[PDB]
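Student: The primary structure of each chain is shown beneath.
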Amino acid sequence: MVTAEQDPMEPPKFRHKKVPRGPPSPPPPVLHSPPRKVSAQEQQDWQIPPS
Amino acid sequence: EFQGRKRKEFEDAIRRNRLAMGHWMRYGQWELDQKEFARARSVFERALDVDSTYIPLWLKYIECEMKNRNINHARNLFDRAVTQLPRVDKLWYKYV
Amino acid sequence: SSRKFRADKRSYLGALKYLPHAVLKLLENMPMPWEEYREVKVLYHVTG
Amino acid sequence: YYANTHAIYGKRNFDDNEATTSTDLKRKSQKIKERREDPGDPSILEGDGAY
Amino acid sequence: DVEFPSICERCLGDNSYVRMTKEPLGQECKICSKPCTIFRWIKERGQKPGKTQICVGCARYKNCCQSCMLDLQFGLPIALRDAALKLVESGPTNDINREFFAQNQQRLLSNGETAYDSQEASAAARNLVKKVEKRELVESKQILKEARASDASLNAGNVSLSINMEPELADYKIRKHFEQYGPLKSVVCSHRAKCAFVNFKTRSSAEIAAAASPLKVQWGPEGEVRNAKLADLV
Amino acid sequence: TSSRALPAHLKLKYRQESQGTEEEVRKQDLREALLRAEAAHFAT
Amino acid sequence: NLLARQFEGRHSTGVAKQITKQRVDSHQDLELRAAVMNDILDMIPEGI
Amino acid sequence: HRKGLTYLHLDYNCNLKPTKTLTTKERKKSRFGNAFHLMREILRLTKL
Amino acid sequence: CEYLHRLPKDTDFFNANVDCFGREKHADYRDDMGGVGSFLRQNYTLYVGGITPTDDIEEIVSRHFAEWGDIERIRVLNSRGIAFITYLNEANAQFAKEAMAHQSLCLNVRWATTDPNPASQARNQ
RNA sequence: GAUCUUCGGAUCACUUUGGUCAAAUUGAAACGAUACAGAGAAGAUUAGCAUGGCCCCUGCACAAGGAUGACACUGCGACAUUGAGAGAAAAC
RNA sequence: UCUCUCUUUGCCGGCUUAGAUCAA
Ligand SMILES: [K+]
Ligand SMILES: [Mg+2]
Ligand SMILES: [Mg+2]
Ligand SMILES: [Zn+2]
Ligand SMILES: [Zn+2]
Ligand SMILES: [Zn+2]
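Residue numbers (UniProt numbering), protein chains in the order written: chain A, 204 to 254; chain B, 50 to 145; chain C, 98 to 145; chain D, 103 to 153; chain E, 16 to 152, 164 to 182, 195 to 205, 222 to 268, 279 to 283, 291 to 305; chain F, 24 to 67; chain G, 677 to 724; chain H, 532 to 579; chain I, 131 to 235, 240 to 259.
Rather than coming from a laboratory, the hints here were simulated on the basis of the structure.
The calculated DSSO-like cross-link candidates involving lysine-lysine, where the alpha carbons are at most 30 Å apart (straight line), are:
1. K113/D to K63/E
2. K34/F to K693/G
3. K106/C to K66/E
4. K556/H to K114/C
5. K220/A to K55/B
6. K106/C to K221/A
7. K230/E to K280/E
8. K693/G to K221/A
9. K49/E to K693/G
10. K58/E to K216/A
11. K66/E to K220/A
12. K114/C to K37/E
13. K57/B to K116/B
14. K171/E to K248/E
15. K49/E to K66/E
16. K106/C to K556/H
17. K300/E to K248/E
18. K693/G to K114/C
19. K171/E to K280/E
20. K227/E to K300/E
21. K139/I to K58/E
22. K139/I to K66/E
Let the sequences and hints guide you as you build the complete structure.
Tutor: Rendered as C-alpha cells:
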C-alpha cells in the first residue's frame, strides 16, 4: 500500500448534496398513569369562543 | 401517469405540512384503493414515524388490514400498538 | 484552449487561490534601477 | 517480487535458459551491448556520428 | 482499518505480489454516489492499470468485485445475475431513491446481519438450470382465401399445400444452415411473419438447396401474418 | 472558512489561587460568612 | 471560499442566520407565539 | 467561463466588458464579488 | 496501432464494467441513449433510425448490419424509418453501434428502450 | 562500462508510466428565440420583516440582495346514534 | 328485521407607523 499524494492545487473534487434525514429508532412505550374522567361540564368549561 | 400525478401531489402535500395527519390518512386511503399492499404499509409506517401517539392512525391502519384479509399482519400490529400504548383501552378492546 | 490539457484545468483553476502569493513574490524581487536584468530562482507547477 | 515477475515472463514465453553468477552478469551484458549501436561523440550534432 | 478493497483474483493478476496505491475520497461510487477511495494496481506488465469503480458499501450489498463488476460466487455479470437468479430485490434506477436505499441499506448491513448468504444462491442456481432444462422440452376457410388470392393477383376442413421447383429460433441458425447450400448474401426474417427469405450468389445454389425437399419450407405487421396462422392448420 | 470562524482565544483561563478555586471554597465556611455579611448589612 | 462555492454548491441547508436588527421584531413574535402555545398545551387538562 | 458568462470579455489589460447588451437575467448572473474584482485589479497593477 | 483492427468473434468476453469496445460503462444509461450502455442492465439490441426509402428497408438494413456481427433478431417498422436489430453478443452489438453511426444505408443509431410488450419481455427474460 | 583484484573475481548503480480516462457528431453546464399569460395584503395604488424545505441564484460572508427572491398558507368525521312515528316484515 | 324521512347530535396564515395613502 502506498497512499498517492494529492495535488495541492486541486479544488474540492465533487459536489455535496443533501439527503433527507433517515428514520429514527422505534418509539418507546408510553407508560402513563390511567386517564381521568373530565365529564361534559368540564369539556364545555374549556370551550373557547371564536375571535 | 395519473397515479403518478396523485402520488406527487400527496407527497408534496405531506412534505409541506408534515404534522397534518389527515393528509397521511387520505394518502393511505387513495393509495390503498388500487395497489393494495407494500407502499400502503410504507406510507402508514412513515406516518407512525411522524407521530406514533395518534390513535386514529393506528385504528385506520388496523382497519385497512382487516379489509384485505391480512389477519396475521393486523395481529402483529395490535401487538406493537398495545406494547407502545398500554394505557389506552381502545386498542385493547379492538384486539380482544 | 485545447482539449489536450483538459485534465489539468481543475488544478490550473485551483491555483487561483495561491495567485496573490505569486504576485507578492514577483513584486518583492523587482530589479533595481542599476541592474539591467535579474535572474530569479523560481518554483513552478508542472501544469504551468 | 522481481523474481516472481521474471518467473511469470519465463513461463509465458518459455524462454528460460539462463544462469546467474558475477562474471556471468558482465557476460550477459556484453551480448546486449554488442547488439547496440555506438554512442556518438558530443560536439557532433547533425548526423555522421552525432552524439 | 479501511484496510483492503474486495477485488477478485482474476483481475488482481496471476502474480502473488502486487503493488497498488490508494487515494482517499478521490472518487464517487457509481452506485452510491458517495465519496470513496480508489485503488489502482497493475494486473500484468503491458496493461493499463486497473482501478476500483465502486465503494466498499457496494460490492458488499451486491457480493461483487469492485473492479470488474462480476459477482464473487458465480463469476457472471451482476446485471445478468440479478435479472435471472432474482435472489433478493434490487434497488431502483433513479438517483435519489437509489442513493437513499443504498445508504440506509449500508447502515442496516453494518448493523451486523448479512444481506447475502450463498446457500440460497446455490439453490437458486440449481433451480434455474432445472427450469431451463424443463423449458427445453368454416371460419378458418374464409380467413384462408380472403387475401391469399388477392396479393397473388396483384404482384404474383383441411388444406394441402404444393411444392414447386421453378427457377424462438434466431437468424444465425439459418445462417449456419445454408453454408453447405452455397454462399450467403443476406437472410431477412421475422418471428411474427415466420418467413425467412435468403439470397445466394447464384440461383443454382438456391435451386439445389430447394431440390433437397422430399419442418421446412421451399420458396401494420399483421398484413404479412395472414398466411402465418396457417401453421396451426397446415 | 468564515471571518468569525477563525482561531481566537486559544488559551482557556482557569481560576487562580485567590479567585475562589474549588479548594478554597471547600476549605471556607460559607454559612458563618453569610451570616456575618447579612448581619453587617442589617446594621446599616 | 469562491472556488469552494464554485465546485461544491451553496451548502445553504443547515446554516443559521443571526438576528440583525431587521428581524428582531419578526423573531420576537415567533418566540412569543411559541411560548403561548406551550402554555396553552400545559394548562389544558387531559382529554379536553 | 465555467459560469456560462462567455459574453463577458476579459481583455488583456484585465477589464471586464460585456460583448453585448445584457438583459436583467444576464446582468444579475454576471455580477462578480469583491474577491474576483480585487484579484483582477491586483493583476492589472502587476501587468502595468 | 495499440488496439485490434479485426472484428470481435464469439468468445471475446470482457469485464462487466468495461465497455466491450474499450470504453467504460456508466450506470445512468443516459437520457438520449447516446454513447455507451449501462452495466446495470444487459441489453443487446439497439435503435437505428433514419431513411425510409421503400418497402425493401428490411433487406437493405439486413445487408448493412449482418457484416458487423452475428444477428439474433431484426424488427423494422414499415411506416417509419425505424429498425431494432438485436445482436447475439455485447461485443458485436456495440461494435455495430459505433460503426453504423452517421453512415449511409445519416443514421441515428441509439440504444434500445425497455420493451413495453408483455410477450417480448417474457422471451427476453 | 569505472575501480581495484590476480586473471578464480570483487566491488558501483537495480523495475518508469497522476490516468473526466485513445485524434472534438453519440457520456465537464444551461439555454436563444418565437407564440400564450404577463407583477404580494379582502376598492386603488402600493413600504417591507418573517414562517416551511428533495427550490434556488449573486455574494468572501453567520451582512445584504434577487417581485416582501420564488413556491406554499384549508377545512376535515376515535359521531354515539337514539328521540319517535309509518308502511313492511317476522315479534311484543 | 328491511326501506324512506325527520329530529336529537358532543363535533373537526403572522408581525409594524390601524404598514402608508387615495378628488370626475
Ligand atoms: K414590495
Ligand atoms: Mg430578502
Ligand atoms: Mg420571502
Ligand atoms: Zn474483479
Ligand atoms: Zn456504493
Ligand atoms: Zn488501430
